[PDB]
Structure formats: structure tokens, C-alpha cells
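Take a look at this single chain in C-alpha cells; it is the form deposited without the partner chain.
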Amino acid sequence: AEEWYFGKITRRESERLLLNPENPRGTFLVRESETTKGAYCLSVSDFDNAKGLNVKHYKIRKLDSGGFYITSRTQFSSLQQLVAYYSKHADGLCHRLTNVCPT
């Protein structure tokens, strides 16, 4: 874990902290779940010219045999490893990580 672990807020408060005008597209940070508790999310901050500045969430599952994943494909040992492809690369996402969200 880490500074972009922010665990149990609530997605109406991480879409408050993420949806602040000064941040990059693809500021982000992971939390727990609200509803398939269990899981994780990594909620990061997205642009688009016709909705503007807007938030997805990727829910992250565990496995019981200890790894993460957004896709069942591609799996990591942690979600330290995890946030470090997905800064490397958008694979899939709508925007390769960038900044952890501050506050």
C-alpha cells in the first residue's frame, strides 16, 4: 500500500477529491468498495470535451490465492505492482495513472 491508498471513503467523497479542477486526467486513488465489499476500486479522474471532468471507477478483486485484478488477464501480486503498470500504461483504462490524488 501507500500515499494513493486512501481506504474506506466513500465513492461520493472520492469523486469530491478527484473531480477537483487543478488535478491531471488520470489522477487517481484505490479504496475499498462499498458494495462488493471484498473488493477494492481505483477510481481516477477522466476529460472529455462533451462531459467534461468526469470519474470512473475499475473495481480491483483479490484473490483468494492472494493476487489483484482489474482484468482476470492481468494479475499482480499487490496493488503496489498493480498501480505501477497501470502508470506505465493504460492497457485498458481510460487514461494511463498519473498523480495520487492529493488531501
Second form
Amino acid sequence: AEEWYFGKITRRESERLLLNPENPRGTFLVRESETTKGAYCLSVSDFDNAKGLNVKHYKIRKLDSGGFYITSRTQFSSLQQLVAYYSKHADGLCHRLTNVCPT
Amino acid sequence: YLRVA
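Please give the other form, namely the form solved in complex with the partner chain, since only the form deposited without the partner chain has been shown so far.
Full complex below, order starting with the chain above.
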């Protein structure tokens, strides 16, 4: 569902975009991995009371068969299904996916 | 990247 997929942007630009102080906790985007070619990344804003704003990066791996997973426990047939699942369930992530990242 | 599960 497009909006949350920022394609080939870098960890550093995703962090520029996510560290925007206006963004609520759980604001996210999906991008391609720089380090692991053929893999994706789920980038999500978070907050620590003492330290403030920070970004968690989760590698989305792709099986040869076609599926996607952050943890092999929960596999998905598409990235849109992975985003819809973690919007409702944190299930291992730092926080549930709330906002789509701006611009 | 973080460790999960």
C-alpha cells in the first residue's frame, strides 16, 4: 500500500526522516537494505524518557520460496501483510507500528 | 539491526 515504502533510501536518510520530533512513537517506513542486497528494512521511531528520540532498524529477510520475515517465527507472503501485522501486534518489535513516516 | 525473538 505504497505510502510507507520509501524504496532505495539510505539508513542515514531514513534516520533523518524518522528523527523528525513531530513524529509519534512507532512512526515507520520500509526501505531496501544497504548492507544486505536483496533484503528490506523496517525503520521505526522510538523514545526513552532519559535519552529521547531514537530509531530501531529491523532487517526484513526474504526466503528463496518468496516469503518475508523479521523473525522466522512469523513469516509473510508480502511486505504489505508484514506492515499490517505489526500495526496490530508488536510481537517482538520495540513497539507496534503507529504512524506512516512523513514526506 | 536489532535481534528479535
